[PDB]
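A.B. asks: Residues per chain, in single letters:
Protein chains: 2
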Amino acid sequence: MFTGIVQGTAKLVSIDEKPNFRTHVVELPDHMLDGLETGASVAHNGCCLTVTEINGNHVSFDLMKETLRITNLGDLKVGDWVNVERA
Amino acid sequence: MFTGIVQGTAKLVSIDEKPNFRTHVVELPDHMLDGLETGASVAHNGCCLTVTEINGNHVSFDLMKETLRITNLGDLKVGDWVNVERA
Ligand SMILES: Cc1cc2nc3c(=O)[nH]c(=O)nc-3n(C[C@H](O)[C@H](O)[C@H](O)CO)c2cc1C
Ligand SMILES: Cc1cc2nc3c(=O)[nH]c(=O)nc-3n(C[C@H](O)[C@H](O)[C@H](O)CO)c2cc1C
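If you read the sequences in order, they're chains A and B.
The C-terminal residue of the first sequence carries number 126 in our numbering, and the numbering is unbroken.
The C-terminal residue of the second sequence carries number 126 in our numbering, and the numbering is unbroken.
Worth flagging that the hints you see were computed from the coordinates, not collected in a lab.
Wrong hints could be hidden among the right ones.
All copies of an identical chain are treated as equivalent in the list; a pair is satisfied when it fits inside any one copy or across any two copies.
Said to hold, decoys possible - Calculated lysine-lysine pairs in the DSS-like style (CA-CA distance at most 27 Å, straight line):
#1 50 to 116
#2 57 to 116
#3 50 to 104
All chains should be built: construct the whole structure from the sequences, respecting the hints.
C.D. replies: Here's what the structure looks like:
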C-alpha cells in the first residue's frame with residue numbers, strides 16, 4: 040500500500056475525543072488533495088488511516104483505541120506535524 | 040512495500056549530526072529484531088530508512104538532507120517515540 044516515500048507533512052488542526060474513538064483533522068498540502076475521496080488511505084506517521092471527510096484542505100480520520108495505544112498518534116497535540124503519504 | 044500497519048513504537052536514543060547527514064539510533068521492540076539485517080528497510084514514522092547498523096536492540100539509520108527537509112524526522116529529539124514497521 041505504501042512506499043515509505045513521505046510526500047510531505049500535515050498539521051494536526053483538531054482532535055475530537057468522542058465516546059469510543061478520536062477524530063484527527065489534518066491540514067494536507069495542496070498537492071495531496073487532488074483526487075482524494077472519502078475511503079482513501081493516508082498513512083499518518085506510517086499509520087494507515089481512512090479518509091472520512093474532506094472540507095477544503097482539512098481532512099478527517101477516525102482513530103480507534105487500539106491504533107492510539109500501538110502507535111504514537113495517541114501523543115500528538117493540536118499543532119503537531121505528521122508525515123503523510125497517500126496510497 | 041509497507042502496509043501501514045504499525046508494528047510498534049521505538050525510542051529515539053541518539054542523534055549524531057554530521058555533514059550532511061544525521062544518524063538516528065532507535066531502540067526497536069524485541070519482536071522486530073528477528074531476521075533484521077543491515078540494508079533492510081524500516082519505516083520511521085512512515086519514512087523508509089535503511090538499516091546501517093545493529094547492536095543489540097539499537098538500530099542505526101542515516102538520514103539525508105532531503106529526508107530531513109520533507110519529513111518531521113528533523114524535529115525529533117532524543118527520547119521521542121517513532122512508529123516503526125519492517126518491510
Ligand atoms: C486500509 C486500512 C485502513 C485503516 N484505517 C484505519 C482507521 O481509519 N483508523 C484506525 O484507527 N486504524 C485504521 N487501520 C488500522 C491501523 O493502521 C492500525 O491499527 C495501526 O497501524 C496499528 O497497527 C487501517 C488499516 C488498514 C490496512
Ligand atoms: C528503499 C528505500 C530506502 C531509503 N533509505 C533512506 C535512507 O537510508 N535515508 C534517507 O534519508 N532516506 C531514505 N529513503 C528516502 C526517504 O524515505 C524519503 O526521502 C522520505 O520518505 C521523504 O520522501 C529511502 C527510500 C526508499 C524507497
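A.B. asks: Compare the structure with each hint and give your call.
C.D. replies: The hints, checked one at a time:
Within a single copy, residue 50 and residue 116 get their C-alpha atoms as close as 10 Å, and across copies as close as 18 Å, so both meet the 27 Å cut-off. Taking identical chains as interchangeable, the C-alpha atoms of residue 57 and residue 116 lie at most 27 Å apart only when both belong to the same chain, with a minimum of 16 Å there against 30 Å between chains. Taking the shortest alpha-carbon separations for residue 50 and residue 104, both the intra-copy value of 21 Å and the inter-copy value of 21 Å come in at or below 27 Å.
Consistency note: the structure conflicts with none of the earlier hints.
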